[PDB]
Amino acid sequence: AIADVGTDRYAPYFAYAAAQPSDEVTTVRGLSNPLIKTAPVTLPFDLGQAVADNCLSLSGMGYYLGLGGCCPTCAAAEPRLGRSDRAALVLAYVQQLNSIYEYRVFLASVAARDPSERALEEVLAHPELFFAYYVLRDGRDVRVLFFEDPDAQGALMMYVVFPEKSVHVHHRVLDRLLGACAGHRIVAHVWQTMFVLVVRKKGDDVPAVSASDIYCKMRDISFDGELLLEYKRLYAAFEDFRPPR
Amino acid sequence: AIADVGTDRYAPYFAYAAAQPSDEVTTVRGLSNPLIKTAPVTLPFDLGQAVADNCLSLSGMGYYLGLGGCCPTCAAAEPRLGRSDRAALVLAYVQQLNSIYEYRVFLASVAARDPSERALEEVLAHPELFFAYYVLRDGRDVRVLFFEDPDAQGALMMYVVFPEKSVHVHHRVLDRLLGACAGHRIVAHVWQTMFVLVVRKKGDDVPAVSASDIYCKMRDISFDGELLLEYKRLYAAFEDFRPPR
Amino acid sequence: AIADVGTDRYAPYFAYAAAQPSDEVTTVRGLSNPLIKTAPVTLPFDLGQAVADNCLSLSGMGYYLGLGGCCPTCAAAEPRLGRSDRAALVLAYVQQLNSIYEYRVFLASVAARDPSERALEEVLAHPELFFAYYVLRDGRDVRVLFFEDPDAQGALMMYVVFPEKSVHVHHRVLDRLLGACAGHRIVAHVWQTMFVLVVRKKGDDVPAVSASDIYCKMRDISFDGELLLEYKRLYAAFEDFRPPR
Amino acid sequence: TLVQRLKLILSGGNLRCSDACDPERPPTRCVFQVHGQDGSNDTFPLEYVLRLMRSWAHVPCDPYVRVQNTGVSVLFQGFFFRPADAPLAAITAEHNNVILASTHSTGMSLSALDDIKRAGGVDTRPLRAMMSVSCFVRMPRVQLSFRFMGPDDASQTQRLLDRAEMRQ
Amino acid sequence: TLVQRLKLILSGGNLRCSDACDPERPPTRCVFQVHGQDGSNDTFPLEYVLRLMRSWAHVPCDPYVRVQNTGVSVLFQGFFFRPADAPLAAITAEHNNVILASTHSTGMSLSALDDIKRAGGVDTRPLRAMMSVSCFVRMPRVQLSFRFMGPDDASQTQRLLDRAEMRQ
Amino acid sequence: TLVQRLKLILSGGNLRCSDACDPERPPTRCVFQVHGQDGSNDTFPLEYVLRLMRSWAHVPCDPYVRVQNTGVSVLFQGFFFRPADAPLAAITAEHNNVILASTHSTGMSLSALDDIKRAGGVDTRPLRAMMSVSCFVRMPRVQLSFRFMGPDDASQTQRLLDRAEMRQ
Ligand SMILES: [Cl-]
Ligand SMILES: [Cl-]
Ligand SMILES: [Cl-]
Ligand SMILES: [Zn+2]
Ligand SMILES: [Zn+2]
Ligand SMILES: [Zn+2]
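Chains as they are written, first to last, in this note's numbering: chain A, 1 to 245; chain B, 1 to 245; chain C, 1 to 245; chain D, 1 to 168; chain E, 1 to 168; chain F, 1 to 168.
Just chain A, same shape as in the assembly:
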């Protein structure tokens, strides 16, 4: 009697649910409204902890991991990202790895830091970093910074610096971001008021990338002068950053 209760208040319903199956279906389907629609997080935050319908929101109000289906900022973009065809999206950035001319923002970062072909070889060696940039461009005005990974084998890590003081990564966008960068860890940070996603290796069908051919195209291209200086200032600001392992 003392161990039994406790609480035995479900027993009347389950007797009734056996007799009434058409009620049992509507009761189960009825339980659709989630009680917690957004929850706070702290930086540094591993994006791998977010599931397919989670969106990230970073601001002065705080950092939040919300449900996409109840999020107004996700709803506004939901018609724009409505296709969501991953067979085409995986083939898209695989195809766009071949031609990197339009993507000034990506190459400019290399041009500003170290404009040699050996630096361009080291960047093109990790094609998942371009995929990260391609995904985050679509769903706009991000900046990329390549640094050396001091707590790993001789390979580089990318910082994705956001322009605005308020940031919102759509659920479909970070679903694509995490899928495209399998074998890279993505963590969200803040540094000198700038939100930033560090993309480094943690532990694939890609075309063979000609480092010399793009290096030839680099000389023909005329970059925006104010964008290259921006990178030099941004590289200077992120030198003492030291993101934890």
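For the record, the hints were derived by calculation from the structure and aren't laboratory data.
Each hint should be verified, as a subset may be incorrect.
So these bits of chain E aren't anywhere near chain C, every CB distance computed over 10 Å [stated by the list, open to error]:
#1 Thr28
#2 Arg29
#3 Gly71
#4 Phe81
As a list, the in silico PhoX-like pairs of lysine-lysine whose alpha-carbon atoms are at most 25 Å apart [said to hold, decoys possible]:
#5 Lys7/E <-> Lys117/F
#6 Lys201/C <-> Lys232/B
#7 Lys217/B <-> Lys232/B
#8 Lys232/C <-> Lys165/C
#9 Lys217/B <-> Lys201/A
#10 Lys7/D <-> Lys37/B
Backbone N, C-alpha and C fix where the C-beta goes; we use that ideal spot for every residue, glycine too.
Dock chains B, C, D, E and F with the ligands against chain A, hints included.
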């Protein structure tokens, strides 16, 4: 009277079908269940004899040309191959002809047999052979063998050796296979217990293939040692094969 | 009506079997007596066609593949072979591969044909041939002959010549024989009135066999003179044998 | 009048039909022209329309349909008599595939169809087993298959034949 | 409902079974899956369960069972109709052994079984001679034998058929 | 009998279920196996089926479900008692995400669920707040989220509990 019958048993129905049109529609649409759902075949078997909804099944139980809509093995894969967009599928293997890095199984066959650039020139000269491999990979662990065609002008033929003792080509897969390889004859054979599809020329929008650039990429790539030895054993087993014209 | 019958005589029983489950159990278990207890075969006969309870019988009366559970010759030996522990039996001939001193009949064949160490190296290279001899010795007075396999890569085949004009391989014995010689084909033949099992390769945990140490032991051993001469006569009789592939 | 029926018969599928016949004196010329555009997978009820033509005529005949690849669509040409030289598919009941290259053609008459039906042990009872053409238009070729099709529910077909037998 | 019967039928042996069928409209998909682990020597009463499936259906059918080697156990897949391409053992009544390598499969339908039964001069009288599969699982292979099995006492079987005939 | 109910409960979603239990003596072995193929986004009503298992048993128990990544689909294994060593998710009511790599597994029992429910200040009144598993199959991983779900209209749920209370 003697020539007349014979048999005149349809006449009552057709008189009735004239009076009742709504019955005539349901009677015609009603005749939907096909009496023969699969039929046996013998090897060598020309795959050109199979229509768009036919699937091929090869095993110890025998060789069969079945209807896809009544086939359980076809039904299981029908959600996976559900898009079936040929505009994108024709453009897919055309685009993937440019970048051959991921496709180790295809290149390894060339590497094992004859790793020169002249051998790679002769392979890349017939891009429909790669298309055949690309289609049969999607719908998995096949092996390809390039031999010389002794009953034709100086050009090579491909054998597609299946791994398992039971084989099943989906109806959509061999529809794509035959469509992609227009100008090549595909015939199914068996040799030393291994089922094999011989793809040779019988009697197009493709990119210009740089034989030297892929040959450069070949040296950088590190093949699986056990896969190259496998090919050497497989080439040794298929030397005295002699597939008929 | 014409297609229906045919014959519909089971319908009364199955209606009754639904009502009476305790009868259905006894009816199914009741069907235990097999109608065909032995069936004739012809030589050459591949022993791989025999299942675990099949026994082979070779005589002037003919060649037969019988069921062990209804065979009097199998029943007599069933208490002697009653343990049937394959964990110990696989470990037995693996252990007995180390010490080949008692097994005069096996080594004498090598001694008589070619008493060098290189011949002993070629024999000990195929340890499944000893396993075949070990199994067929237990369940008695067989003779072994090593010849070269002319329709395969440079490796030898063994003939197991039976002494008597009547032969009977127990079901457990040929179950063990086939299991122990996985990767060798066993076929039963007749040659100059002598029944013989040809054990050759068709297409494993074994100790490393020291050919020099056994070759040293061979010189110390004193063979039976009449057994070595027997082998010389037997090798002479089996020279023009030519067993088919 | 027959084209009204032929359009009704094909109304379930997506096969275009083109718009007189004397029952006592049936014409040797082409009676109907069914067209099927590239990409389609529609089914033509061959045995039905062939046996429909036999009932339409009061004089003895042997109805025939010609299947042709125009090099853009498929063409089914209807006839009351098989013209001189017109092709017949050598197919059996089990092996029934015919591929057509551009401009090539095959066909089937009621009499040759009856030979195939009897040779394959197929059920001759009305509407129980009916030959139909599954056509797939994969340019430049036209893929045809002369398959026998039965009803999903035979008990329904047997009751329909009683309804016709009642009104007689 | 059939799985209840199938488990009862196999309760004497040690063959695991996996847990709806409409009598008017029988499904083309797999109906049951019997499994048999490595080392076992159990017997599957093939002809019984095949003829059980025929009585279960009120529409004409040809029941079929597929025997497969998974590469760990044996698999018996039940069907009301033999699927397209599905294998049939070429065995006779006297020569009835089939060895299966890993992933390979064979099978048997009621119609092909009747051909074998009549061709071998086997007794067609109910429950006097019934095909059953003796299977031995000797990894990596699966050894099968399609043997006809009769009753130990025929006089008992004849009296059981009278008990069924009485209740009708 | 429970699988009939479990299939009915999951009939709204697209989660495959696999086909006896004694109310007095409940088994320690696995009771049901729900499967969810790659690409799907279906929701498993965990708290409902857990509390359904408690009512099913007349002897005291602590029902448990195990969620596993097979490396192709998701697997939900039902139990009346949590087996020895079987995993429990450390999640709270607000922080409830669990990612599973290939072959890895987590689970949840009714007792550990009650601790989480009381610790988060969640409404314990019947059917007002119910834990459910949102699962996304993004190969090679399986993404799980143990979210509490309430009804869209609470006034409807309160009237349903009166209908059950009336019949008693
Ligand atoms: Cl980081
Ligand atoms: Cl060929
Ligand atoms: Cl031999
Ligand atoms: Zn959002
Ligand atoms: Zn198929
Ligand atoms: Zn015996």
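Restraint check for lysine 201/C with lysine 232/B, where alpha carbons must lie at most 25 Å apart = Given pair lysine 201/C, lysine 232/B holds - Cα atoms ~21 Å apart, limit 25 Å.
Restraint check for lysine 217/B with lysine 201/A, where alpha carbons must lie at most 25 Å apart = 24 Å, holds
Decide if the proposed pair is consistent with the structure: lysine 7/D and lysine 37/B, CA atoms, cutoff 25 Å inclusive.
-> Answer violated: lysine 7/D to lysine 37/B is near 29 Å, above 25 Å.
25 Å limit on alpha-carbon distance, applied to hinted pair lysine 232/C and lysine 165/C = The hint holds at about 21 Å.
Evaluate the condition: distance from the CB of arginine 29/E to the nearest CB of chain C exceeds 10 Å.
-> 23 Å, holds
Given as non-interface: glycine 71/E, partner chain C, CB spacing beyond 10 Å = 15 Å, holds
Below or equal to 25 Å on CA atoms is what counts here, so check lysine 7/E against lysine 117/F.
-> 43 Å, violated
Regarding the pair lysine 217/B and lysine 232/B, is the alpha-carbon distance no greater than 25 Å?
-> This hinted pair holds, its Cα atoms lying about 22 Å apart.
Hey, is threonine 28/E genuinely clear of chain C, shortest beta carbon separation above 10 Å?
-> The claim holds: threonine 28/E sits with its nearest Cβ about 20 Å from chain C, beyond 10 Å.
Grab the minimum beta-carbon distance between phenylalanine 81/E and chain C and tell me whether it stays above 10 Å.
-> 16 Å, holds
Hint compliance for this structure: hints 5, 10 are broken, all remaining hints hold.
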